[PDB]
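The chain below stands alone, shown as structure tokens; this is the form deposited in one PDB entry.
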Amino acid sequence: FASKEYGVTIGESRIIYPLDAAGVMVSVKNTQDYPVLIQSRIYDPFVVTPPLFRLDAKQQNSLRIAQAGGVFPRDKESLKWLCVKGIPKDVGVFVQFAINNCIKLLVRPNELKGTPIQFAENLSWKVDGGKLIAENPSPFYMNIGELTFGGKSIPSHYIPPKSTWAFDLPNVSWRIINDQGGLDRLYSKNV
């Protein structure tokens, strides 16, 4: 049975973008044995440069992500996504794939006191409407990377700044993902 390999690596798993900075740089590696076009998009207050370019087999290059316009809130973080796509009787089937590797672009004012892990423990929980609801009183996204309830794993999601998010039901335990993309310490609370 023939196999085909695909891979795109971004040199970090989140971008913390200081609000109003000129730009940041992010590396892309084509880890495969064939050339690709790398197609980068944000989901136009940010530009990614270059938006499309040839990256040869095994090579790495750098993207510039630059705030070029956009006004944004001054008390809270904002969230965008940077997506990086590597473009490579019988019924014969031929399928080609392309990976579109997406990471968080977190726009963060410089003025805001501390970082996310200083506030990880501040999440409060309720159960309502058949759902487990987290409340985030911090100005940061709390990017939960691991979440359990009654000791059962719950697929996680971020909790937005000054806001909530609601989880289907399967004592709450959670770890946020910190700014370097590592898992942070375990917190636990009764609802």
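Residue numbers count along the first chain shown, from 1. Here, rigid core means the biggest group of C-alpha atoms that superpose within 1.5 Å across both forms. Compared with the form deposited in another entry:
Aligning the rigid core between these two forms and inspecting 66, 55, 147, 132, the C-alpha positions shift by 2 Å or more at one residue, which is 147. After superposing the rigid core, the Cα of residue 97 is displaced by 2 Å or more between these two forms. Once both forms are fitted on their core, a CA shift of 2 Å or more is seen for residue 10 between these two forms.
Fitting the two forms on the rigid core leaves the C-alpha of residue 22 displaced by under 2 angstroms between these two forms.
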Given for the second form:
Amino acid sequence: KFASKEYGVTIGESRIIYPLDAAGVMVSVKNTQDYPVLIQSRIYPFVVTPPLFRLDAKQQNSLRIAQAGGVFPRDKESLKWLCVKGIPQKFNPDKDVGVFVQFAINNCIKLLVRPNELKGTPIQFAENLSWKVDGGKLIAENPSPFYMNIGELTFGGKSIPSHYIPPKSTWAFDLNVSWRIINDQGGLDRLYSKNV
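Can you switch from the form deposited in one PDB entry and show the form deposited in another entry instead?
Partners and other molecules have been left off, which leaves just the chain.
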């Protein structure tokens, strides 16, 4: 038998905002191990540069995200994912014998694509969510041009696993509603309540 569990939390939101129609954006990638790693980037259209490079211990390097430049919707935000993979004399039985480890790490930040033509900010629209219940699931609708990053969500005084609400669209949660979205200062915006 060999078993492992991981314990920890995500703090806040992290995102890259790509302003639609910009030649591109630059993003830092820092290796914080104290050994060399091979960094490989992909997006999930857009294209990332270099698609593959070496990073020495404690060093950082920039990446350039840039858009193929095909049709994007102009009425709303879109969501892509940037994923960055990192890959890595006398005999002495106290040094040499035992268990040795290696690990590969795959990271993904949201890459948020925000058309220049779009009005205001998520905050200004957070109240305007409305809610309903269907085939057992708690459905939320977002009329907003923005993704609504749900950070606190209670239904009938009991809290529901969060998830963003795509703009001009809907999202369906598993089981009176209150919610807070996440503001552009990593923080939680104010609370709202509604009915069904």
